[PDB]
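Below is a slice of the complex: some chains, not all, each in place.
Letters A and B mark the chains as written, and numbering starts fresh at 1 in each.
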Amino acid sequence: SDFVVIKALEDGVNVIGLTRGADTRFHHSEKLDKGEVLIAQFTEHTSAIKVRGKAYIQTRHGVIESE
Amino acid sequence: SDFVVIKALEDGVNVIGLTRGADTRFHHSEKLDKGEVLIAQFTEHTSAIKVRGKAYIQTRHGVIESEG
């Protein structure tokens, strides 16, 4: 199953997981401080991922940056 | 399953999931504020995704941009 790499470029970045299934809501928000990296898969419980805050992101489709 | 990356280039962008199945309707709209990124899969419940508003989108077939 595929994954996303997120590197926080500032304190307070949120990596938020969205529920798989008929309904869509946030079930977890992981806080990243500056320089921390999270590598996060899609899973049985998480079919969409939202990033809030400034971070460097890598996926299979290349690099993108949130602000 | 494939996924799409959507980065909102202005406030109020909507990423809209359309129902899988014989019926087609919107089941969810995720609102993105400028500079937020959403990485969203195709799923048992979502077989088409629509984006409204200004955004930079990546998929397996490359970059495309939506404009508001």
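Descriptive notes on the structure:
By our rule, a residue touches a chain if its C-beta (ideal position, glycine included) is under 8 Å from a C-beta of that chain, and two chains touch if they have at least 3 such contacts.
Oligomeric state of the entire complex in this file, given as copies of the one sequence with 2 shown: 11.
One rule holds in what follows: only the chains that are shown with their structure count from here on.
Touching chain A in their complex are the following residues of chain B: 1, 3, 5, 7, 17, 27-28, 30, 32, 34-41, 43-46, 56, 58-60. Listed in rising order, the residues of chain A touching chain B in the complex are 2, 4, 18, 20-22, 24, 42, 47-52, 54, 57, 59-62, 64-67.
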